[PDB]
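The chain below stands alone and is given in structure tokens; this is the form solved without this ligand.
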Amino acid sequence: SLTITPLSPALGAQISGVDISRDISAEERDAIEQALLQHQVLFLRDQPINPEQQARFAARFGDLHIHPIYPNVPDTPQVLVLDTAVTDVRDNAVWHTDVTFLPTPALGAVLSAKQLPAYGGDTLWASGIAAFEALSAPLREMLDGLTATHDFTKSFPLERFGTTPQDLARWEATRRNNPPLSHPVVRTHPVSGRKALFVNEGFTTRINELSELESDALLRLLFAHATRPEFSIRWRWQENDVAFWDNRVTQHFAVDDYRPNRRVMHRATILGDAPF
């Protein structure tokens, strides 16, 4: 009755037969967690939910993160209201792993679909575990143990189509407050111990132990490699979908093909520890 149906060999699974708007049992919570450990990104369909519920469900998997930036519902502040009619989304022209420019990148996130365009707006996910596993032996050896700079500043969109309000000052603010830092290039999953590539085009600027030119060659290699179809899935949203993914060993990509159409999601972020 609780059911896990894999979307592909590399990553992703749909879950059915457990109502996450209610309090879930420890057997359920565990099975879900094992699922997440295995398939890295998890989808539940036909699972309508509210902030309180969303917050409670997410909390069962890590301590939640209530933040200043972005929208927050009036009742629960630990659920962001991402709304097209308001905010903007030019932060996703490239593959991302979330907040890798933090010492302490999020463990993952739980995201519910509220209002969707007729179509468009897919999200892709890629597995750092599958992608790594597929590199040549010599290359896994060279990379495992190297480190990489992740830097918020790489997120700078500014005037591409010039949506940015005179307040590009929020952006400047976040910059001055989050200095570049480093994470392993090959990461070991804190819980499963499985190894994943942990560089993403969103924030990774440099492999520290290689020279600029080598770094640039290698990252160009690794960005294209990590995001090949073999290591990714593509989700077409439906309303009342819930996506639950492990941000420690995946990237994702929001396809921008639906503007000006309105899109409303609710996100709950689960705090993560130190990548190693």
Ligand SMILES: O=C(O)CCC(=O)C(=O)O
Second form
Protein chains: 4
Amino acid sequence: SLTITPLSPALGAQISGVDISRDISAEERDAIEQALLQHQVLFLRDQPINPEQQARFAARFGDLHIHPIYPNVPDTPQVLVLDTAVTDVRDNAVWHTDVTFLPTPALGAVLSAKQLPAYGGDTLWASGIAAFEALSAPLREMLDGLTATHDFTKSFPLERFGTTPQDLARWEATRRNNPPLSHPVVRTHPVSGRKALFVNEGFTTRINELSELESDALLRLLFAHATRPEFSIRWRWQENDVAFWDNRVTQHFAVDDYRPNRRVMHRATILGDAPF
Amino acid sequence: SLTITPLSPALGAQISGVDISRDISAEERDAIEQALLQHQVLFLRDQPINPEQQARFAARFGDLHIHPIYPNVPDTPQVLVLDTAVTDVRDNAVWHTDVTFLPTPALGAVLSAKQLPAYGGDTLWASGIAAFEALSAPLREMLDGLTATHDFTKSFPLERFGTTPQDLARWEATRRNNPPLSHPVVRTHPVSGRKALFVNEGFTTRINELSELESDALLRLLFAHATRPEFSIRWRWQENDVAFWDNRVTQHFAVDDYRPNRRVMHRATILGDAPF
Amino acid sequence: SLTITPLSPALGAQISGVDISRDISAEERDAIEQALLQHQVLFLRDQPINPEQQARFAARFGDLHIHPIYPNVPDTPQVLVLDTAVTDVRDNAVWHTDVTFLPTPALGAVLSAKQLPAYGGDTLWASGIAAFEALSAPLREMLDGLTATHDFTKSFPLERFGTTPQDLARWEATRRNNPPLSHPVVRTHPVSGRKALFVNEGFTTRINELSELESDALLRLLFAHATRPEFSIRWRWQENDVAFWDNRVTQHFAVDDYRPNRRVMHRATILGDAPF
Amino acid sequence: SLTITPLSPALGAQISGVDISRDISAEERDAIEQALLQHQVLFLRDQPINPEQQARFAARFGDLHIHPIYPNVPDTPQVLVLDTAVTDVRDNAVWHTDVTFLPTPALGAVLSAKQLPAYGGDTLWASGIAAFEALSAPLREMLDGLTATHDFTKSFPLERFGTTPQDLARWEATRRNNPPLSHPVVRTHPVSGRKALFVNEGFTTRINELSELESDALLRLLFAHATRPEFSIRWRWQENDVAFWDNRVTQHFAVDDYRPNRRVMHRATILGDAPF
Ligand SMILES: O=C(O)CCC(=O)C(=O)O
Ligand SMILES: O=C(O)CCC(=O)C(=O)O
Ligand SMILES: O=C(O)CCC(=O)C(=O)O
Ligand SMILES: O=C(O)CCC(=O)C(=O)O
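Based on the form solved without this ligand presented above, generate the structure block for the form solved in complex with this ligand.
Next comes the full complex, and the chain you just saw is listed first.
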């Protein structure tokens, strides 16, 4: 009774007839993996789930990122608590693909809607696959093969740390650990083989094989193009919603329009491999 | 009974518990009027209506438009049939405010969904009001009081329409009937007094008081800014949905991602006055 | 004898030691032709000439264009009088390659400075050859082979000329006689074989093999790139100067900073062939 | 006989009939000063001078900046040596106003041409006074009173000097000692009272009173606007040339199109005050 309902041609599907708060069968797991590989972002409603059950579900689709440093559920360091009462989430109101400044950016995440404002706070997703397919041939030919630099300081500039000398040293220290690195501009999905634009406003600073000026123009083009209505969907949250997206070929945008209302989410991140 | 559920802080509400296939009470009409003034675009689901019913409901909020040349219902001259089998709708996939090239652009419209593709074909709306209020003070200050040229030919260029030296007669005649005219860049709603950005990439060509080079840069900015996620919503159609929007302070976008599948909408347009 | 002093690495050269008011020798002609093929735009100071001599000189380098109605010298329908007291030149203050909306844009022109303001009215030239060569390999790979639309209406909007029943018929006839056409984005010089960027902000409206959106970004990039200082020169005019440029691989820009002072130039235009 | 020859309406003048290898009379000093205030950038040809003579001249127009490290010139540290054999000048091929990241950017500079390549290495100057006046009134009104951040790391980013650990703590301290700071977008010349645009692509990163998105669009507009031909001049150097410009209301650009040929200039910087 596992049911997959596509939400739009470019990406997105809703799933029902499966209780992911319990161990799912092999068949169900594989049915959802296929849906992910096809639709890239999956939604389930009326699916309450605790962090332990959320981790047990996400771990079925890859290894989980362990964290004791970020806002965690004490019992499960595999599930991250996102609380607007504790952490400002304003910088999520930008198109981004998660941790693309890493050598192996996250495979994806399972997100749980715990506490929501009456309304507002939508999240959008955009398909790198659909976006890439819609580019003109000559543009696809040129970009496929090129590489781009990703740098965490684009989303975490010096001013976001502090104007104090020790805030400056912290910024230099985290920079040493996460120096700028490169990924293909057109990424081949490691499972499905589907090609996708793999730059995002959050982290992409430079198309390496173009000049600074040429790069600025192309990236501004690609940033605007890839986030067009044709390549995206918009989710209006309800409590107990669950979202499961493939971070290897999407970007997303957390609309910040509900301050100072409290919003609480739970996140489990699935580890990814090297983009090629 | 009648309930009004906001969909987003910027714009949009859903109304249910009111049967608009039958005459609505003066109180219902007034409630919906206020909802429109507040939320700018209203949605009702599971609301089947024939053309005649659609017209008397629409007529409750202003005078309806009679169009003889465009495809409409035989007996109801004021309800327009939008059928993808008959007419192509590719150029609706562009942020536009309806007929802003006229001295008195449409007040708004009532739209009914008759026949829908299995999925796809979402429509987005954007609040000129929310967009304006989100601009910096120095920008609101400079823009408020300026005027802008709206040109029919920007959506209906020569190569796209008037494709024959025989059809060109139809172009030269319309280009001669609807010359470029101007409207305030910042419009004051004629009923609520709420101020809204009143430009759209669909018809706006030039900010009159700025130079060509200046205007181009400002419009590129405003076009991007006014359609950011913060100021918009996305509606996934279901048959028998009704949409009711205020075309005096909004823009909309009809995603064309369902070709060649058939889509059929019915529209009643409400006449507006001069923007000031 | 003949002396050729390069002005800048990208383009431009001053020539001396030849009196072009008299018939030049074959060897001199060929020396100047070679300098044109190398330096693209040539300058001769202290070379007074009448229209008769200027036409005789120009004709040694290709067939001359004949235009009666356009302000010219009665004795020499080959030489055109450009007088700011008669014709507004405000529209030459934009980067353009001459008549690229024609299937055979001009080969070049020989220009003579008759009367000049005390100061101002500089003319700049840009090299399409140096600009193309400085592009990144990927960009050159992509552009080399594409085509672009050229349209005179980009520089001559109907709102610029024509209001009378005749004036409107005057425009529609011209537009009818000069439909948009295409030229290669990367032109191969039909003599030297050198490759040049062949788009200009004056006339180029669209790169054909790209979408409107993609084209728009690429042209803005190219318009800016091709006119950077690295690829251009700026001539400060003196009376009796003669300029001779290859219009097949350059753009130029006439600075209008001398109003209302009078400026009179004489121009002989050399017919060109089909760009490829 | 001190003679002043205006080169172009927007800015620039050539001065002759004065030997600046020797002391200048008060009458001359004041004439040059007035010429500086009117024309913003002054050029003298055939004026061979040595470091001592050059400092004596520049000192007549304000207090000179001392170069305490690696001088060059030993006996005259007020004169910096710019030799491409030792220093890469590629960075100067960008539109910039000198040290605007300092609270009191340089008043101006006296530059001497010691050794030049056969050709190439032109320098351009642009007038912020002429640029400001050419803006539309609405735009002049909005900008006049705003402030912009200047940051040296815009021109000198970390990846400009290497990961050599010495530079990691050495460069880190340079940013600590030169943090981002602000200046008026529209500067009032402290002597003449003439208003000028005071932003430059070199160091200006953000218009403060606007959002990042708005600032981005505006600065892109201004950067292009201020460097248009209308507002600029181009100087083709000769050995023994002297340039003397006002860095309070202009920006300049050094073309790097002569590598690897050797270029040697001597520079004397006049200290400036706080922009307002
Ligand atoms: O979108 C959400 O609500 C969570 C914040 C976010 O951007 C994410 O989890 O990646
Ligand atoms: O939403 C659609 O069906 C069409 C949207 C639109 O362009 C209109 O009918 O006003
Ligand atoms: O450049 C000139 O001197 C003005 C006329 C013009 O631009 C040209 O000759 O094409
Ligand atoms: O302009 C030059 O020739 C030297 C480099 C530069 O731009 C300067 O003097 O500031």
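Positions refer to the first chain, counted from 1. C-alpha atoms forming the largest set that superposes within 1.5 Å between two forms make up the rigid core. Only residues modelled in both forms are compared.
Asker: With the two forms aligned on the rigid core, which of the residues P165, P179, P138, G145 moves its CA by 2 Å or more between the two forms?
Answerer: Flagged residue: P165.
Asker: Just checking, between the two forms and with the core aligned, does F156 shift 2 Å or more at the CA?
Answerer: Yes, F156 moves 2 Å or more.
Asker: Any CA movement of 2 Å or more for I69 between the two forms, core superposed?
Answerer: For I69, whose C-alpha is compared between the two forms after core superposition, the shift is 2 Å or more.
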